[PDB]
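Encoded as structure tokens, the following chain is the form deposited in one PDB entry, with no partner shown.
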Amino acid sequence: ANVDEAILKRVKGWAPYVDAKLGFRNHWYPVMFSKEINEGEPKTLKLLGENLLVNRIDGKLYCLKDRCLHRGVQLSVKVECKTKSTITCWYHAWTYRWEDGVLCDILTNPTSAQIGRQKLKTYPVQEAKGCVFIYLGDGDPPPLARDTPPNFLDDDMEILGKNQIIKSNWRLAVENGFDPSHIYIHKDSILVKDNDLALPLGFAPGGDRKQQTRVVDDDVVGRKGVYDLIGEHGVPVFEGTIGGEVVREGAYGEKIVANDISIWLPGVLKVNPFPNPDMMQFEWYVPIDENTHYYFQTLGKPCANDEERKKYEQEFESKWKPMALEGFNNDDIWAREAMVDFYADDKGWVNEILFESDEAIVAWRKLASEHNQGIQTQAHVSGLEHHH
């Protein structure tokens, strides 16, 4: 659908994933934090190539396609919300209900036969853990838990985070995050020295192929994901040699992190514990268009009361955000960016030469291929085909 059939033919193992340049339809995705959207102040964003509007009305979020049915302009060019329940296109005043997208009035012609007989696409929106999720899909949504990693929605789990737009395809981001050997790029992170981390350079794998991961399709809430098990039969590498000469060493700090690493559909990584033994990291790589994603980073820590919550928050702002989310993950950003050119023409998928630790990535590509809930296409983006 999105990629040259000749390339798709050559990746048998994982063709749906190679075709899913625009992401997977019929999943939940986080797009902003709750606190970024106030009552009666609509926001625009692009998700899976679709321009969307989000509004908060009597405290509740609603999401409309930001494209008028009439002449295809963005309503957001000049927002006119003239009743709490509605938005009016600035051009010829077609008026839509936030609740169901129905065209309920046309100010320029209240006799129009179109009234009541057209409807703008809406998507479900839910807030959880101070995060706004959109179900970019058709029909009744699944529970959010299906599309979130374990423990993210636990009652006591306190989530704080950061979001930004990054110029790479979302798959380059997923793969970088779940890539065991990419830990090499983090060897000089301020986080490593300043938080006294143990951090190898890499891994000498052991065991068989199947032992390198746990593929999860037996989670009772219907989550689908892969655990990275390279360290169970594998040996961490702390000394990097060239021709037998040690030229680089790993980090020999005390704090043990990243015991459990798992990637989940639609594209969220959970690293536990990280960046400190008492907290976890959940990060999403949300498709905006073929070239760009939201890097939606969260750190979670179980907190028992408002006191714990407020100090977590203060540590987050003074330490974990600059030192970890920025000081550790900034290198991930430019690593993703550096793979853009090779994958741009869809040929990186066939001309890459993988090595042993990439078994984790292969397992993900296969899981995503088999268990995604739909391939987003340009027809989804450009819409229904009329023959008037």
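The term rigid core refers to the most C-alpha atoms you can superpose between the two forms while keeping them within 1.5 Å. Positions refer to the first chain, counted from 1. First, how it differs from the form deposited in another entry.
- Core superposition between the two forms leaves every listed residue (222, 277, 206, 116) with a C-alpha shift below 2 angstroms except 206.
- A movement of the C-alpha atom of residue 250 falling short of 2 angstroms is seen between the two forms when the two forms are aligned on their rigid core.
- Superposition on the rigid core between the two forms places the CA atom of residue 232 2 Å or more away from its counterpart.
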Contents of the next structure:
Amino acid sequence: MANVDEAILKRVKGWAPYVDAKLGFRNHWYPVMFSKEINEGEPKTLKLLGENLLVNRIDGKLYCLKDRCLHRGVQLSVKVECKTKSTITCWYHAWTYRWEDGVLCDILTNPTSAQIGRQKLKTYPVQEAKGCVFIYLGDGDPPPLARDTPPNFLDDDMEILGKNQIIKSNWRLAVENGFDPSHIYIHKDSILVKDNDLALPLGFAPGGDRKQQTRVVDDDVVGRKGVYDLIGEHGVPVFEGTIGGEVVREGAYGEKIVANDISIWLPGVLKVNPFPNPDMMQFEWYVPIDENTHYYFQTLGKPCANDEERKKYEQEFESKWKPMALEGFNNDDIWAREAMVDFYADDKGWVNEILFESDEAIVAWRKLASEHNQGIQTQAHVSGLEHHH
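One more: the block was the form deposited in one PDB entry; return the form deposited in another entry.
We keep it simple here and write out only the one chain, dropping partners and molecules.
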């Protein structure tokens, strides 16, 4: 919805909405923190899709209010005043809102005001799943969470563990950094490769049949929308890198077979299967904070039937998986994303980029995202919708 120069949008006819979605897609669920990070009665702040939000846990349930008073637009979080269990009072003129529905229920500075009961602060649905806090940054009653999650993430036996941080790049550069079969060249020296004895080529190149390697999913019963890049089953693993015909670098000839298939799903979550070990899966979100930043929400899933396994998995995670994979492997993806910022900062990169074969899957994602997103977030959504209808 008009976030980019019109001259540029007219040029990218195949995926203009995607290029315009600089602030992310509205009306989708997004993970922003882990359940253990938000305690009972201790509001936490965060910015999602450019909007400042407040999250609080009351009687164990999470509630989300926009962190901007309706009166003079100050953030309530500058000085939090929760005077009753179910409400929050602005520190300025004491306009008081209910966490459950955002209604302005009282105003301490003028209990007779005509505004009481007649105004409502924006609220957003919040749901906890797999120890992760998801916020529906949208309007109207929310769709089921599964619609915006990759396959198997919500499986009963699937134990989820991970980490989250803020990275300085637009969310799309992160998505395309993750859903890229040839970028793993940057991970050729990661400690996970040797230390976990992985079989990892320098890159996965397009196999014989292109129509078989890329699988667009828009028929999932759950409503999921995404694209598969079947690199393992239809791609070609390049293990020997040559220059002028001379081998200058080789891939990893380990025993553990990983990354059989990768898939990217709206609103922007990647699934790598299996990874970082043959018996695990990696699910990572690239959540838009503002046009220049995103949350890099990493999670690793491993089936567990009992606490003894869960505890064992949790122990391995802290001692190996987190330090060796999430960090040891993905840390290079961080500066890689930061390195693409300049080229796309003026939006011109969306026109001047020179793609090659392995980027076919990314193009498929751009079209899927353009066609199936549930809304283009705009700066007007951030400040206040504007219209003369």
